[PDB]
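With one protein chain removed, the remaining protein chains of the complex are shown where they sit.
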Amino acid sequence: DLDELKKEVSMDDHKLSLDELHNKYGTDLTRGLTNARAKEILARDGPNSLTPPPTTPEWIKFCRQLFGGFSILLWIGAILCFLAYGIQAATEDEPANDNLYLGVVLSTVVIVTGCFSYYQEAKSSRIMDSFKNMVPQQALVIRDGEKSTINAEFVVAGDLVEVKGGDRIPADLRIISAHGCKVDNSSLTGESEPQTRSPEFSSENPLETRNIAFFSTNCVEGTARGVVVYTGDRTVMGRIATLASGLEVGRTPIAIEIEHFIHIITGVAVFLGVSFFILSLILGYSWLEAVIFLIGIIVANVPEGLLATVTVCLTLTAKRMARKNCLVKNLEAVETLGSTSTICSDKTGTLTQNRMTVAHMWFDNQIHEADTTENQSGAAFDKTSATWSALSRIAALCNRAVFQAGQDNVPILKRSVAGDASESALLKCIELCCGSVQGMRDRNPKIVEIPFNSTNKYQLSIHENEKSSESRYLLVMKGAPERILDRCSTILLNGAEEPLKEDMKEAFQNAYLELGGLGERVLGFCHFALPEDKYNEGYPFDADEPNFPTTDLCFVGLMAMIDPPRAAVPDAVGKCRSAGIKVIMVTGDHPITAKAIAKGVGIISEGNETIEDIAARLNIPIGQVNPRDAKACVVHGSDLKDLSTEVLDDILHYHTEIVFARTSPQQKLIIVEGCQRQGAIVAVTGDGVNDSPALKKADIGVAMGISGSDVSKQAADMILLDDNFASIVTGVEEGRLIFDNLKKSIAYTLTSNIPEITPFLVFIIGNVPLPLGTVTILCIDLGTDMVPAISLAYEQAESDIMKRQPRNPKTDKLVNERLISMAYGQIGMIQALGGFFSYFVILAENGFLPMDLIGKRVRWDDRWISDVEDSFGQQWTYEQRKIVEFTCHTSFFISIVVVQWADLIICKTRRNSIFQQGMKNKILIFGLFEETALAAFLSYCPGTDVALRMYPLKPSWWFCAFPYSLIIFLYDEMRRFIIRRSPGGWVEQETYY
Amino acid sequence: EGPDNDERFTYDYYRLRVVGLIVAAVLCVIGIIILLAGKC
Partner (left out) sequence: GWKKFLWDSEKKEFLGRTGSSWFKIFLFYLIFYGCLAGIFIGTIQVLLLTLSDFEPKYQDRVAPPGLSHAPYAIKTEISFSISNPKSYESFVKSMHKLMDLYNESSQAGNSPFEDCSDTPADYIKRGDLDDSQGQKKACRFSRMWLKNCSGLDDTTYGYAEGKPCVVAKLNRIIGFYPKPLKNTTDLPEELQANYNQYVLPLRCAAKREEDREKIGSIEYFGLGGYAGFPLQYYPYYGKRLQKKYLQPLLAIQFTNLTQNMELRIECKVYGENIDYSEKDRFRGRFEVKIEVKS
């Protein structure tokens, strides 16, 4: 799978002859191949079917979810715990099982997180499998001179293949004979209108010539013949799909943030361990013990529950997305939208609707606009003049297409219509604000029609007049406005008729250039009342000689048409630009249309100008103007092929409104890479196969759901099942909101760290009875704490999030030193002091004053000293003093909960005050209530001092942590005040997360 | 007091546990009330 030969732009053998072609692959132009020869080739190289994707077994991704970066840290933690247990078992008799419990618990945490994360990605895969609807397809091949329809998988290189309007081009064909055949090259090349396939050659680029039919394309109207040049995966879209599969994946921004987070957590963990290791060796302890101390401090500095909390955090924002029809396949792709700063979009199928629609109309010397939006939510065009009625009769009659049988259910715009795209657009507009065309058509019987001619350049027909008072004959004709203008002499103004003086002839010329400059295609409609005296009701006007007056007709008005954009396209583009997101158009369509759609959706703000526009406004050559005075630029693909790396960098560095036109899929990929080389996150929004290599390499791909291709849908990371583009705005909003909350929750789960390690540190340095046990630290990190941390996600915005500029990746991180200074430095310190306060209180009330506790651990622990004197002279047995130590662990844990109250409240908001935002978050309130109920339950239920070793508390102790909590609240409140009044000051660059 | 000062070494942990559970229960209920109040 050579990628460089797949990265290259397509080459071909188009510029040849029919003899050279038949001489290279071997084939009868009039008899085709022989069946024996056909099978000899079928077996020689492989069926004409793309390779299936590389199947992913479910145990592989389950093992994937069991690993990663965070789960790996918890894995090494479990490993360390079991190592310390082994050492204690082989070195000492009666080894405590604290470490073995902590290790099996960490392993269970990793396994449970893996099960949940895996279950979600499978849910998305099932709803994803319900979209591949693959109905077998059979082609028409000519062998031995006979026509046969065989499965698409049996076509080979060389046989003759015939196509018919409505069928799909099987393989890559070389047209040999056509009959007004048109094909839809929208998915592969990106051409909105049907390009006619002619046996003659026209352009050096194979995608532009008409003598080649392509894979996955469809023949709209006409029939054609051709020799199969390319077959199977070796086809154009085959090389594109194989390239898409052979591209790497990447590493999202949220993952890099989690990685640098673990980097800091381990920095401070191994620092505290190697240091308290040298310190313990300096105080006399033996090596065997110091090793256990090192492992204990490092393992203690690992967040066991932050994994489940972060996973649930990410999972919550994804359901909100699935409620508005925005589905993500992975789980972290939910944050990438908010961090995006440059959106590369596609035109055909993404920025537009890929359906021709009647846009503007000319009548009564006045331009009228029609609604060109999917759900028909706009402005009507004043259907009260007679002129409009006559126009409806012209277009509704002089038109041969009709809705496909059985569409009585779909809406007027989404139904199937058999015919050209122009007659279809006209039929839909008339059927839209003029009611049923089928009765409008049977109300006036068509007598004789002369089909569109290459010389006449017009389509005309005569029908009877339904006026029950006028039995005359009606004649209607449509065609190019220039040709029809040369055939009129009257004008239907507001109903009456008038001459064609040059005043209205010039008004017709300016109208023609107005609709033309709009990137639209205009047509002219005229009609005339045939005198029943010179052509009675019995006379038959056979289509042979001049039976109808070509000139002296009555022109009624022009009718333009173009593919309109989706409803929320302009508003969404404006919203993205408001958020500081650079919108760059990248499409393989004609630049004259790309520039118009760009200006219509907001990519090229009205007023900005290109170098050619300046040369045209001044009437000077283009080589004279300076390119710095042009904000927006239209880069052609042909020119893009010849450009250096620095040139592309400068194109993106100096032009704010860029539009890449006529760019191949490979060039699309080159453009995405050119955006990444600098340092910005990229999101590519597309629909066809040409977008597959662009959606894959982009930081985040957005594929359309209804109008998208299966390849680009399988290679994308986010799917828009409703084809609504406003979902992108919703996504960029949610991506930010869920970010500021992760910061708050992380500071919360990190603040408790300190009051959990300090007891042990003072235990080794000061030799006091152990303050915080192991089953209590576990009841804090994995119990009470979980609900509050999960609730911190439901926090609403503080300021407008859709207003600030995108976060800088190289400077504004997720976990900086400003957070560590708060959690580990200021709040956690106060919480630790409160815990030690409740501790000393419990031991002072039972008889052990603070002066006699320093220096006791050797006898306080000894299991054979049944006479330990306290500050008053009483003798305490071993089990009696241990019961008090355990009751001190219970109250220490309760003190933690008490200080966590004020920590969850000061963590709710990062800048704003509590009296401003408000306690409207019901989940946080529930977290506080439950957090308290669990602590009371663990202490007061019978049999806990047996099972978990937590004894009941005497009601006066529960109040030893209250002052510390109020102080935490007042300190953080004054903190969040100087930041507001003093922007950019010390408190901000020192304490603002 | 004097010789029969047995009360000086007794504590009614039973009554304390009963009350502490009543209270935990109440706080738990209140919590649920707040949580579901609005979805009805």
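First chain written, first letter: the chains are A and B, and each begins at residue 1.
Criterion: a contact is a pair of C-beta atoms (placed from the backbone, for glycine too) under 8 Å apart; a residue touches a chain by one contact, two chains touch by 3 or more.
Asks: In the complete assembly, which of A:649, A:733, A:740 or A:870 touches the absent chain?
Replies: Considering all chains, including the one not shown, the answer is A:870.
Asks: Please identify which residue in B:8, B:15 or B:39 touches the non-displayed chain.
Replies: B:8
Asks: Decide which residue listed in A:66, A:967 or A:978 touches the omitted chain of the complex.
Replies: Hidden-chain contact among the options goes to A:967.
Asks: Out of A:841, A:914 or A:923, which residue would touch the omitted chain in the full complex?
Replies: Looking across A:841, A:914 or A:923, the contact with the absent chain belongs to A:841.
Asks: Give me the chain A residues in contact with the hidden chain, please.
Replies: Contacting residues on chain A, toward the hidden partner: 825-826, 829-830, 833, 836-837, 840-841, 844-847, 849-850, 864, 866-867, 869-870, 872-880, 883-884, 954, 963, 967, 986, 990.
Asks: Just checking the interface: what residues of chain B touch the absent partner chain?
Replies: Residues 2-3, 5-6, 8-11 of chain B touch the chain that is not shown.
FYI, only the chains that are shown with their structure count from here on.
Asks: Which positions of chain A touch chain B when the two form their complex?
Replies: Touching chain B from chain A are residues 922-923, 925-926, 929-930, 932-933, 936-937, 939-942, 952, 954-955.
Asks: So in the complex, which bits of chain B are touching chain A?
Replies: So the residues of chain B in touch with chain A come to 13, 16-17, 20-21, 23-25, 27-28, 30-31, 34-35, 37-38.
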